[PDB]
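Just one chain is shown here, as structure tokens, and it is the form deposited in one PDB entry.
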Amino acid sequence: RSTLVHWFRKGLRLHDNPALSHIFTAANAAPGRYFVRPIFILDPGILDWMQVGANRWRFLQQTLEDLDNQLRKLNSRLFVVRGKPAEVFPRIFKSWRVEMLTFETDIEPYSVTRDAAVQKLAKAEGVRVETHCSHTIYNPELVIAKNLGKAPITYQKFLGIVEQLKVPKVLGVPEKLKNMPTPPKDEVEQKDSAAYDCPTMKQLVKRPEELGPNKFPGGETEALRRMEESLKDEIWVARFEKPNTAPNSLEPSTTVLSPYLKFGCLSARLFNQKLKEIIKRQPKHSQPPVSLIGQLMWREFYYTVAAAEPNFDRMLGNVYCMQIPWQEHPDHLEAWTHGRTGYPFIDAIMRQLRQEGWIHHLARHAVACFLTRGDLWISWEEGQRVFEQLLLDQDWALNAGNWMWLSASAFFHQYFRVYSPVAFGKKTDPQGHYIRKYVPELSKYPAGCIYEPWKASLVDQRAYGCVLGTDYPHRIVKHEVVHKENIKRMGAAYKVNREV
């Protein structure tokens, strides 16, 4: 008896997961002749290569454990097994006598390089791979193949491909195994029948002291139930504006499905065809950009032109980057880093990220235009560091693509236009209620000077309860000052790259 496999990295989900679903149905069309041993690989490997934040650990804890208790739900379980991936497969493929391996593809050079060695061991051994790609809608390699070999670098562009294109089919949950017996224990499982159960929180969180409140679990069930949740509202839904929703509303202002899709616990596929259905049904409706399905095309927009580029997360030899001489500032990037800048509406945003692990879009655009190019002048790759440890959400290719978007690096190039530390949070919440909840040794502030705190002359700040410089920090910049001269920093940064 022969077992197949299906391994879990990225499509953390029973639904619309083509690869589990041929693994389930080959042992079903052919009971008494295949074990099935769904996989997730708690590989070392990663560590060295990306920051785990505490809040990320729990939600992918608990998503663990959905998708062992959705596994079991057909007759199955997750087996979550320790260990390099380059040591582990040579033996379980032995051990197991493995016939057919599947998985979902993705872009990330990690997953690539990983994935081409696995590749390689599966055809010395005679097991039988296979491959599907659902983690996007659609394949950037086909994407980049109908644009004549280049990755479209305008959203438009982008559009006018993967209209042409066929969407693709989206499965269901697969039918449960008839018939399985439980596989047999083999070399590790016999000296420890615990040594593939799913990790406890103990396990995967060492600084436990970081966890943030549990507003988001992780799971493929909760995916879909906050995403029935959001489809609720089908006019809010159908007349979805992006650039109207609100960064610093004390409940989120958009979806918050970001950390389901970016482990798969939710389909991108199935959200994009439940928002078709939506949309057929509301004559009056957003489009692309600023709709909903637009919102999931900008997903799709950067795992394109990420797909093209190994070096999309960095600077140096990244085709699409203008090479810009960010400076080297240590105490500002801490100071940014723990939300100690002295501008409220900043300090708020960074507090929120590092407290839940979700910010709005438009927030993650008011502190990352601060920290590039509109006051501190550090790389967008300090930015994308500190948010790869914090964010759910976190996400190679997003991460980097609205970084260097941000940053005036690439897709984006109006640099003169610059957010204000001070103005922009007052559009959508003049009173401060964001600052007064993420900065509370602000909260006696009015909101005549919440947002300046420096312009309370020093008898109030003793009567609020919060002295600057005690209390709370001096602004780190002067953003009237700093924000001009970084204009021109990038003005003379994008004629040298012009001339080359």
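Basically, rigid core = biggest C-alpha set you can superpose within 1.5 Å across the two forms. Numbering follows the first chain given and starts at 1. What changes on going to the form deposited in another entry:
For the residues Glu441, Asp460, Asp43, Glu452, superposed on the rigid core between the two forms, a C-alpha shift of 2 angstroms or more shows up only at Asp43.
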The other form holds:
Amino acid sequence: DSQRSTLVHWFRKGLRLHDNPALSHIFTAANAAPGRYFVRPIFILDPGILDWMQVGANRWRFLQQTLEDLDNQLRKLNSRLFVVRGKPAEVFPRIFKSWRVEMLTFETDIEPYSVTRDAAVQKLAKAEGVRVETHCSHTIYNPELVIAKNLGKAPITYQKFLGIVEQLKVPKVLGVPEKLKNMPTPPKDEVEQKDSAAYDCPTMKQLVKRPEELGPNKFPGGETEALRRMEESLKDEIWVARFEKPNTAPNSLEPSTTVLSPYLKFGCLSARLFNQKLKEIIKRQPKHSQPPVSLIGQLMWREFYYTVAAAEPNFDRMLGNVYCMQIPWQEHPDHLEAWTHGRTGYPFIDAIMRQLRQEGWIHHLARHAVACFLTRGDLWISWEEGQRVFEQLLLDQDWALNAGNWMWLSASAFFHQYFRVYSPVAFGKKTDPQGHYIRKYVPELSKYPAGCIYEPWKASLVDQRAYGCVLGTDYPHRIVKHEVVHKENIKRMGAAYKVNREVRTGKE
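Compare with the form deposited in one PDB entry: the form deposited in another entry:
Only one chain is given; partner chains and other molecules are left out.
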């Protein structure tokens, strides 16, 4: 066994055992030749990034929990997880040599950083004689294949995208890999010999530098929770079958949607498995919704954005971004700060920004409200600033999804009906007329009657005192006047669209 070669699976996304072709392939190969190989399933953790402010504490905790679950599940297959601290550039040269790696597998990703990181790894592997097998299992459809089927271009409308993907085959969804047979623990490398726990899963203390930023642990990380949560969602087949996104509440105290996004983002849940389960249900339920508003339709939106994103490295910026309207957003530092911390003076907006910071998830339409307010609706601040804040706070932060939906909300791409503007006062009332959600997340306003809790500036000073919260003292004065600025911004939007039109027809 001093002569064994090592098979490595590199986890980045795809933090699950189920439906993981890259992982299954390694386990299958090991069991094929019994005394031949050692198996190392690894996650590479750069210990310097633990302070990167672009990752908030709630998301670190989710990753910590996820790695622990992944180690637990691997232990059942007579394996374990190896969390190797460092950067791939230095880690791979060392372990290819140390472990005598024969093969390396991972799930592909389309993000710019990942494309260049993986090309580097492929380059090293090729030069060092390591075979590399990659798999597209993060999405149901391979963006490269969609773009190729569409003659070299990513489809820019959803219905056209659907028309392409129904021409594509959907791969088989796999189970969990097989238990390893006759597999002693690998020999310690030089790092392990110095410290036996060198590759153990990180503790909370090691991942979470700022525990004071942690909120209630409403969505625990890992594949186990992912499947449990999915199964609980799929249980009411009528709800599943009749689901229409636009009719779900943004302010219900309990989520009106699945809340599978963080699990889909990390790959704790396979999108292909979830797609498969939904199809089985739709087949059973004669009365059901269809894309774009159906539950399957939502998975297809995820697929849609991954595809437009895969063709555009600047997807997360305005400048140099092929899809994006060039719009003269403004710098408004004080306003940005107030929006970021849920101190705009609009209680609905503030409640949402507060839930997001505290819990790491807010409903899609709650994201609409704050994203509209920040950009074209009210503050006239760049969607890129909003994206930055969401990136920090969201458990489900997803490069492609965040960028795509921020462009949609700001009417920069995909959505163009800018005359439709969410009211920070009116929008939430439809689903929460008593303002329970505001009372919860903005407790200072909790005694305000429903008749002015969405618009506290309507309360006289004697009323404010009776409610125990005086504006400008206990809660902020509204930063801008929606009824004025949104009308001026609609005009700004039309003006920018016109400039973009000229430029287009001008390139001809």
